[PDB]
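Chemist: Take a look at the letters that make up each chain.
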Amino acid sequence: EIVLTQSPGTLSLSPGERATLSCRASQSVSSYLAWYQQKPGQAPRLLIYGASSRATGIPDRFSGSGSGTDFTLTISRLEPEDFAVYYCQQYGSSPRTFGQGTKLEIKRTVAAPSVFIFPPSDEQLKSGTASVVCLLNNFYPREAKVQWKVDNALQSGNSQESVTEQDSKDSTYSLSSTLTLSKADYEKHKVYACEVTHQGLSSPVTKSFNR
Amino acid sequence: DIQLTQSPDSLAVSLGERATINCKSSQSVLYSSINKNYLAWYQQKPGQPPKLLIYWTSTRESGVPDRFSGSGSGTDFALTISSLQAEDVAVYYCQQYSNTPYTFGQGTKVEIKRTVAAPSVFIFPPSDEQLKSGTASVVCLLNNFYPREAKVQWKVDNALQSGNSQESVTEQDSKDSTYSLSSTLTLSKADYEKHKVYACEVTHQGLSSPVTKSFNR
Amino acid sequence: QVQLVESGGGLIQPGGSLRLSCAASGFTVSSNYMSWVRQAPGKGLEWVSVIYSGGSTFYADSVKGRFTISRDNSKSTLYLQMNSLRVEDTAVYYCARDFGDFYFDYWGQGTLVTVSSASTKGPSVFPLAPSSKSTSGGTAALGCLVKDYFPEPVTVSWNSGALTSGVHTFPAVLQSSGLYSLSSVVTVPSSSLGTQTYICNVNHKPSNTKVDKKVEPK
Amino acid sequence: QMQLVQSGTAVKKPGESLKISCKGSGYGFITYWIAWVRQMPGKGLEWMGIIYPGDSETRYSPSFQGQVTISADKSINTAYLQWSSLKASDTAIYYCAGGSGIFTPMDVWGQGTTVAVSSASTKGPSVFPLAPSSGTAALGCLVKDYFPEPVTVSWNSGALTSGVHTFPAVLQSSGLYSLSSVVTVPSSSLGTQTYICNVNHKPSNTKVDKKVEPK
Amino acid sequence: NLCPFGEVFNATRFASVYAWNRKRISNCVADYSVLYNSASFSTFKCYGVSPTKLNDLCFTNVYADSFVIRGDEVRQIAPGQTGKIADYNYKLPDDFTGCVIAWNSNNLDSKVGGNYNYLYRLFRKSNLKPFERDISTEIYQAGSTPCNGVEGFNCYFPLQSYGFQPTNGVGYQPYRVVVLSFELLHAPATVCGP
Ligand SMILES: *[C@@H]1O[C@H](CO)[C@@H](O[C@@H]2O[C@H](CO)[C@@H](O)[C@H](O)[C@H]2NC(C)=O)[C@H](O)[C@H]1NC(C)=O
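Chains G, L, C, H and A, in that order, give the protein sequences.
With PDB author numbering applied, the first sequence corresponds to residues 1 to 211, in that order.
With PDB author numbering applied, the second sequence corresponds to residues 1 to 27, 27A to 27F, 28 to 211, in that order.
With PDB author numbering applied, the third sequence corresponds to residues 1 to 82, 82A to 82C, 83 to 100, 100A, 101 to 214, in that order.
With PDB author numbering applied, the fourth sequence corresponds to residues 1 to 52, 52A, 53 to 82, 82A to 82C, 83 to 100, 100A to 100B, 101 to 128, 134 to 214, in that order.
With PDB author numbering applied, the fifth sequence corresponds to residues 334 to 527, in that order.
Just so you know, these hints were derived from the structure itself, not from any lab.
Don't take every hint at face value.
Said to hold, decoys possible - Below, computed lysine-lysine pairings styled on DSS-like, alpha-carbon distance capped at 27 Å:
#1 G/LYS126 <-> C/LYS64
#2 A/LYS462 <-> H/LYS73
#3 C/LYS129 <-> G/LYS188
#4 C/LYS214 <-> G/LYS149
#5 H/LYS117 <-> H/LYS209
#6 C/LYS43 <-> C/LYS75
#7 C/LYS214 <-> G/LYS190
#8 C/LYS210 <-> G/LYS183
Take these sequences, add in the hints, and give me the full structure.
Modeler: Given below as structure tokens:
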């Protein structure tokens, strides 16, 4: 077992800049390295073989460098379609192994989230379960702090968050926080508030509704 | 996993006679189909590491006396010792080396043969020094007997005892080819002093009737 | 041109078997190295097995003795027998053309294999009500709540695919109950709440569930 | 022209770790493969596995695969047999055998390594006289409650050897070994001759000279 | 009248594994003691026969196969082994009776330039039968379209070059392997020991 460590875990660069990706190995593989690109929802595509040779149909802006234990993948003049997760694979020793991958995101002006809150549906209330959904729409950067406060009391352990991939048009993220409670617990409270902390917000924004 | 079973388990052959040990193979043992069976015979004297005698079913190891010979093919193999001597007393194993799971036979004990001799039976009461500690050991001695098969029963006040005796048997004597057995009955002082007569009944082929040696506490 | 299409993925109880097929085009499968690579639902790529051009088969340590790779020259299809499946085997299995046991120059679309003792359940679709708390100026937010389904995936459409601008369908989140929950929200003009009609089309093929839920202003 | 030497006798508690050694010396050790054979007390030979020191290729019997590990160090021409959690069943003598190739007869053998898993310590034997109250009479000594083996018993400091029978040790239910050594002497020498049995137990540093005479 | 074992082991140059050389040895006396007691061999593995008992036996012919492979591929020169070398370069029968002698040759067969003229077969539609030598240099057709002798898509050169470098790991370093095979046919014997 030989481990390929990739750095950084995620990379944020604007289009037209130069991206440099690192891939270090547990042992020396001596240029027996390959590079792949995997856009979301798709299979990996071969980019570099032999740690320097370019695969057919790949633009000249992709180059491979390094040998032994240190390897570098450099992309010049980033295009909006050149942003995905890039994996390095070694074939100098069995088993053939991959790295964790490096996420490559585009970079945009800090955009404040638009906070929306949805009370549980009356139809869902009939089944005995209440789910309150808080929507953070079209914000950047991805990092965002969402806290559920019911009757001005912090809630923990009953909330799950989901984050979309970076949008193709506005280069933003969307986040959904859902607070699930039973009807009995739900009807034991009055005010359900979603407090959102983000870089683009001067002060935290709270959207709240009454049952 | 090629199984090797050899017969007989025990063999009694007089001096100057022929001893034969057969080895049966579950599967054929031949490598590259070169008419060479990959089998070996080993000799293990008591308390000594095994020594290789014959390899490839007919070839003697360097220094092996000419009286040893290997034979067989397919799944039937045999080792023959013509003119058995006193130094050939050992346990013989047939071992195959044609597959990664090397296998041995269960072994064949070889003993010289003897005109049946009856055991000399002696009984030893526990010593007074041992009796102070609170444990009593009663020893029954069967000296210079053949064959090895012997039955020893401990009867205290004509009542058969069980589970409190252990027997030990010596190897064959190098000159008169006789066995010796020691049966030890271990009891506490309280149990020992709860009875009067301790008897050792011996049943052997060389005895017309069972021989009993007893003593009174 | 080279095409690789996979089939045979789905839900299976632990210990049960499964066979994955890979239709190949543009090259002869009896003359090329071919490999199976699985990507975990969240983790990285792991090489599973490879078949040489001469017919030799090699397997990873985590799948040796349980996975068997095979090819059918007559059907030009690559196969992967799973036999004793484990929960840890739950991943998306890719079919890739191997170049001399070095690297994968072509990849198939990948099929998802989920191994769990959980049972298939259809999704419950609940409307995310567009209200005063989901509207700001012209921007109005509405969506649907796809909750408590297993296994993945679930596809969500709005107005039968006519509405695609401003639609955000979040990745499914595995709850503590062992089921999946998902939401799909759209952004619409506030003036269209009373005039336009918005319906979310939820389809869950593993349970043969198709739900078209209408969302109305509160 | 090659020889094998193994490690010393090991006495361990159950659950301990053990690692026995087997070093070869001769012309041609490079071609030789080393295999380990287990022989339980009073049992036959059991083949466990084989390793080649040059490349450390370990082939295991299916009966010993997950319960023992075979390694080697080609620098010092030594093979190793290792246990992680010793069990009471592993009480046996282990031989390493020499063969100059896979699927070849084993020519060179080691003297053997004795392994004892008993959950007992070192205790000195107790020597008790056997009463000579017996054509001819017999006397002896009782060596009881000692651990571990062996015990060497002599009569009159090795002067009396004809007619002496020293029985093999027997493992009692207490976990300690017992032994009896007896001699055959004419019944006319009981009052005149003095018979003393010398019992030595080097593991316990015990040397007892026990005089025996009729009661 | 000793057999020329020095020619095989003490050879100035060695052949590639795909074009492995074999020297037929016959009508001579083989003194193996000069060979098996050397300490210069990293691996000396024998199958079916024992070198210590060769100075007494006889054989009709003896074959010595010479080639250069990688350290990771020395494991493949053995009966019942699979791999690129074992399937497409040099295959030993499952009933093989002989020895495989390998020693490191980093000092001899490596060049700082990062390349050498040592080659192995990378592509082949079927595995090699035992003791089979394929020295074809024809473009390997991985598709249905004929290659017409020009390398391209679905058309690769069947051979690959080792990147033997002195700085590589021990596994990547070149190893010289000599395989001794003993042939016994119903015929007069020509190779016997001392
Ligand atoms: C290769 O040649 C060398 C000499 O350059 C041989 O090594 C010596 O061989 C002679 C007999 O030919 C021995 O007496 C010496 O002891 C050997 N010396 C060493 C250091 O090994 C060597 O045997 C030849 N290699 C072969 C025959 O494979």
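Chemist: Under the constraints set out in the numbered hints, which ones does this structure not fulfil?
Modeler: Numbers 1, 2 and 6 - these are the hints that the structure violates, sorted from lowest upward.
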